[PDB]
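With the sequences and hints as input, model every part of the structure.
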Amino acid sequence: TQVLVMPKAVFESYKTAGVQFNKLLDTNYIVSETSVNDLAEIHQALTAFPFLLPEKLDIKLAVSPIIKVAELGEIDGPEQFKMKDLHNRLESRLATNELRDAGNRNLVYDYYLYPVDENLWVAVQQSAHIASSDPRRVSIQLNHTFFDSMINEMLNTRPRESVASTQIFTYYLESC
Amino acid sequence: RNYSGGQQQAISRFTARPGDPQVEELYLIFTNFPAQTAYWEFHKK
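Residue numbers (this note's numbering), protein chains in the order written: chain Z, 195 to 370; chain D, 621 to 665.
Honestly, the hints are just simulated from the structure, not real lab data.
Please note: incorrect hints may appear among the correct ones.
[Unchecked claim] With a cut-off of at most 27 Å between alpha-carbon atoms, the simulated DSS-like pairs for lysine-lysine come out as follows:
1) Z:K254 x Z:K209
2) D:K664 x Z:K250
3) Z:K250 x D:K665
4) Z:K250 x Z:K209
5) Z:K202 x Z:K254
6) Z:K262 x Z:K202
7) Z:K276 x Z:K217
8) D:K664 x Z:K278
9) Z:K217 x Z:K254
This is the structure:
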């Protein structure tokens with residue numbers, strides 16, 4: 195599968211508006227149903243995801259929409275230049291956000307897993323918590339219900355013995 | 621009325637040992653309801 199981290203604000207928009215979650219990995223669909231700021235915030239939320247996913251089980255972290263847009267802007271086609279214009283807007287909006295939320299600094303997020311098919315693992319970035327001393331341990335303890343949600347879902351397809359050897363399984367044990 | 625020689629009942633040899641309330645709850649599920657045991661809902665506990 196592929197984990198797609200998005201802020202709660204973006205997730206609730208998708209659920210309220212009724213945006214097909216299946217096609218959020220297809221660049222051509224997400225850019226039509228997603229605002230420029232939402233796309234930038236998804237990038238920022240991916241870059242703030244602290245956990246290492248079980249690559250040994252073919253569980254990858256999604257490539258941010260900005261990179262996908264940047265790549266398509268360099269590939270010949272009938273929409274290439276519209277995609278380049280979108281890229282420029284994403285960079286300016288992303289820089290605008292980075293200059294505003296730079297003060298966030300020392301905090302960690304709660305994550306909620308919303309499985310969508312076997313090729314997409316929506317990870318909702320919820321309320322922040324302040325964590326300056328050993329934020330790695332604080333993040334682990336806070337995300338207990340995120341770790342067991344991931345374990346429950348990958349045990350649907352992956353062998354139990356293999357999942358038991360992942361860092362995600364370990365994080366669950368360390369939390370409780 | 622029999623004082624010198626009467627019935628001699630067997631005395632139980634085993635005394636139950638107190639256990640942890642959580643191990644007993646999970647164990648009774650493990651043995652009595654072997655249906656949800658092979659799923660994370662039970663394994664996580």
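Q.
Need the status of pair Z:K217, Z:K254: alpha-carbon distance at most 27 Å?
A. holds (17 Å)
Q.
Can you confirm whether the C-alpha distance between Z:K254 and Z:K209 stays at or below 27 Å?
A. holds (23 Å)
Q: Verify the proposed pairing of D:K664 with Z:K278, using a straight-line Cα cut of 27 Å.
A: violated (48 Å)
Q. When you check the alpha-carbon spacing of D:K664 and Z:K250, does it fall within 27 Å?
A. Since the Cα atoms of D:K664 and Z:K250 sit roughly 22 Å apart, the hinted pair holds (cutoff 27 Å).
Q: Mind checking the alpha carbons of Z:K276 and Z:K217 for me, to see if they're no more than 27 Å apart?
A: holds (20 Å)
Q. When you check the alpha-carbon spacing of Z:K250 and Z:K209, does it fall within 27 Å?
A. violated (31 Å)
Q: Please work out if Z:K250 and D:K665 have their alpha carbons no farther apart than 27 Å.
A: Roughly 25 Å between the alpha carbons, so the hint for Z:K250 and D:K665 holds.
Q.
Between the alpha carbons of Z:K262 and Z:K202, is the straight-line distance 27 Å or under?
A. holds (22 Å)
Q) Within a Cα-Cα threshold of 27 Å, do Z:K202 and Z:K254 meet the stated pairing? A) holds (21 Å)
Of the numbered hints given earlier, the model fails hints 4, 8; all others are met.
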